[PDB]
Amino acid sequence: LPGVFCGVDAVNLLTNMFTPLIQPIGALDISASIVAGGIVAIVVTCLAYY
Amino acid sequence: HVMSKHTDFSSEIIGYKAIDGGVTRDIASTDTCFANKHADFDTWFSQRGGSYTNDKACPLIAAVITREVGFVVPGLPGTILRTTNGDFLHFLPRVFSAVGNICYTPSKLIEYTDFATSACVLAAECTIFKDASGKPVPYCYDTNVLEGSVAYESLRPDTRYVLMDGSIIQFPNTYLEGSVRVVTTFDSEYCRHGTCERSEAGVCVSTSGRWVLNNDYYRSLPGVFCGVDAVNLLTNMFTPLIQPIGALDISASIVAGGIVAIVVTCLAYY
Amino acid sequence: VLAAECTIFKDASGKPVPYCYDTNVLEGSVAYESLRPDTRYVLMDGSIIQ
Amino acid sequence: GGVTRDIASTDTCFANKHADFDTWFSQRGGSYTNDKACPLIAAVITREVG
Amino acid sequence: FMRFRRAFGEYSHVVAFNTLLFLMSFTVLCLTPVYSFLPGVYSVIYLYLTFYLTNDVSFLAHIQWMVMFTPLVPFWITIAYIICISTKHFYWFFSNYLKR
Amino acid sequence: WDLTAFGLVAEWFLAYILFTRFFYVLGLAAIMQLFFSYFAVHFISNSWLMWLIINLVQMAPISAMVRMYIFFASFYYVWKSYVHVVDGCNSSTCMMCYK
Amino acid sequence: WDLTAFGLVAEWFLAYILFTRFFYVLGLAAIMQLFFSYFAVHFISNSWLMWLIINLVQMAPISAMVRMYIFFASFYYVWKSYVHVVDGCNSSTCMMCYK
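Residue numbers (the entry's author numbering), protein chains in the order written: chain E, 251 to 300; chain W, 31 to 300; chain R, 151 to 200; chain L, 51 to 100; chain D, 301 to 400; chain U, 1498 to 1596; chain P, 1498 to 1596.
Worth flagging that the hints you see were computed from the coordinates, not collected in a lab.
Please note that the accuracy of each hint is not assured.
[Said to hold, decoys possible] Straight line, CA to CA, 27 Å or less: simulated BS3-like cross-link-like pairs of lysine-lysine:
no.	chain 1	residue 1	chain 2	residue 2
1	U	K1596	U	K1577
2	W	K67	W	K86
3	W	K67	L	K86
4	U	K1577	P	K1596
5	W	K138	W	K160
6	L	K86	W	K165
7	L	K86	L	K67
8	L	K86	W	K160
9	W	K35	W	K67
10	D	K399	D	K388
11	L	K67	W	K165
12	W	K86	W	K35
13	P	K1596	P	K1577
[As the list claims (entries may be wrong)] Label pairs and their calculated CB-CB ranges:
no.	chain 1	residue 1	chain 2	residue 2	range
14	E	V258	D	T327	37 to 47 Å
15	U	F1533	P	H1539	42 to 52 Å
16	L	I95	W	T189	20 to 30 Å
17	P	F1516	W	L264	24 to 34 Å
[Claimed, not checked] If the Cβ cut is set under 10 Å, some of the chain W residues that face chain P in the computed set are:
no.	residue
18	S281
19	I284
20	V285
21	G288
22	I292
Using N, Cα and C, we set each Cβ at its ideal position, and we do this for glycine too.
Construct the entire structure; sequences and hints are all you get.
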């Protein structure tokens, strides 16, 4: 279910929070935009500046 | 013989612990049967709403005490005291207040919450082993407990050891202990208290102090990294960042891919 | 979790014991706040809550 | 064969005389079965003995 | 090759590269089940190489790559591909309708 | 329970009424679905035909497969009846009802 | 457990089912690779061109090459079936004589 996070331990949950990010495209329907933007900003900054 | 209840040293007890399979463990309200020698344990368990039936085939109850009571017997956790009526008692002495249940590694002492998922190797202060000549030889963490005992720190990894009862202990070499551990393995099976396992040669890194061995089972577990070599470990850990998380990669998309090529090839000619 | 403001539970021996959020509304009851977590409890009809 | 040679983990049988060799050979990941027909073992000692 | 050039008129050049890229992608997909490294590194190499081509074949190459490799690649690779493709038009749009 | 289980059994029984050469495909698929539920989840990586078959057999639950087979069987039988209505039967000896 | 060999055997079986004219060249490549891997060394000396040929033959990924042939033959067979059904054939040399 959306908005629900789980993991074996505190660090495990934090690491698993990024699991959908490595999932093949076609896993989210509405919240895809924010996930895309969160990668786009990092990529564009880290490349175009540094 | 029928077990009886005693109330000696009641004011020196903070809590109670359970011993199951020769290893101490925490107590849950869902447990239904115990072997008990104390009457205050009834008040301890009733305040939490629990009920139980007394039998000898169930985990024993031991009381955590702040006073040095009893004496140490090799192979048994805690201390053993015998009542004036002949009944025996078990207690868990401690040096500092922040003590739960402590197990023994060959070098240091580390607390644990579950024996099955911890770095525990032995649960007794003293243990006795069969020497090269086939005779028992005592060993202890502290040599002052029993005369003639050998310190646990003198033991070495990757060496076969046999106890008096025939059990085999084999632990791999380590380079870091604590919250994070690194281990090295060879192409031979390793065994710990009550559990022997098979592993392959390599190096493993864990983010937690849980037991680690080089095999597919531990490799599938989260937070565990392993490799055939130090360089290979980095490649293995960086591989998932560019690879899917399953076998969902069905190659049946190539028909649709070649459909476009066929369509454009026909369309250009027409 | 709790169906109503006041409830009733069986003790260790099976006798009924009244329970409620506040003891002031029913004399002889025991407040919910005293209940420990991760503990099995049973009602008159055998319903189990943990 | 009357000639001293180095030891490798591939070998699988020896004629053992020294007890500490059993611990030394285990640290290299090797395992062996004791047979007198297999090549013997010698130990390096600084002290003049024999 | 002369006989092939006799037909297909002007579009033989477009057809040839389109066929070659499809064949290379098919070979890469055939080598997938054993070598798991290929899907990412080959996609990166393909994205790097696609610059040295004409737009006429570049459009077909992009369409083929998006149709074929999409279902078996991490999402961030796809989003980086999209950003790198669309920067050349984002610059124009920002300059012509947003910049000061 | 009755209503939650008898319906599936009734559908299975009705499926045999509309028999066809493809019935054995569904029969084998039903065995495959149950087989890799108490077993499998093993045999590691490599190859692709085995994994393709595993994905195909676990596509949908058994009831959906049965209903989808029923749909196609009903359409096929309706088409065959329509063909039998207009064009005539081979066995004109019995005179059927079209003669 | 492991079942890679069974998967490879199934792939070979399916390839043999879809027989074409070009199966023999793949079988020859496989048997040549096996023969070169089994003996090698003995008859390779000088002639760097010969060494290159031997290395190219040995390094060929036979185990992952049959699958491409499967998809290559699938479209050919689909096209042949489409031509047979829709359009017909005039040559009597076709092996359609079965029907």
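Here is how each hint holds up against the structure:
1. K1596(U) <-> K1577(U): Roughly 19 Å between the alpha carbons, so the hint for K1596(U) and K1577(U) holds.
2. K67(W) <-> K86(W): holds, 11 Å
3. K67(W) <-> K86(L): Violated, at about 58 Å.
4. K1577(U) <-> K1596(P): At roughly 24 Å apart (the allowed maximum being 27 Å), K1596(P) and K1577(U) satisfy the hint.
5. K138(W) <-> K160(W): holds, 23 Å
6. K86(L) <-> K165(W): Given pair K86(L), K165(W) holds - Cα atoms ~25 Å apart, limit 27 Å.
7. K86(L) <-> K67(L): Within the cut-off at roughly 10 Å; holds.
8. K86(L) <-> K160(W): holds, 25 Å
9. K35(W) <-> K67(W): holds, 5 Å
10. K399(D) <-> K388(D): It holds: about 15 Å lies between the C-alpha atoms, which stays within 27 Å.
11. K67(L) <-> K165(W): At roughly 20 Å apart (the allowed maximum being 27 Å), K165(W) and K67(L) satisfy the hint.
12. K86(W) <-> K35(W): With Cα atoms ~14 Å apart, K86(W) and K35(W) stay inside 27 Å; holds.
13. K1596(P) <-> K1577(P): Holds, at roughly 15 Å.
14. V258(E) <-> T327(D): 37 to 47 Å: holds, 41 Å
15. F1533(U) <-> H1539(P): 42 to 52 Å: Given a distance of about 48 Å, which is inside 42 to 52 Å, the answer is holds.
16. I95(L) <-> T189(W): 20 to 30 Å: holds, 22 Å
17. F1516(P) <-> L264(W): 24 to 34 Å: Given range 24 to 34 Å: violated, Cβ gap about 47 Å.
18. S281: holds, 8 Å
19. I284: holds, 6 Å
20. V285: Holds - the Cβ of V285(W) comes within 10 Å of chain P, reaching about 7 Å at its closest.
21. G288: This hint holds: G288(W) lies near chain P, its Cβ roughly 8 Å from the closest one there, short of 10 Å.
22. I292: holds, 8 Å
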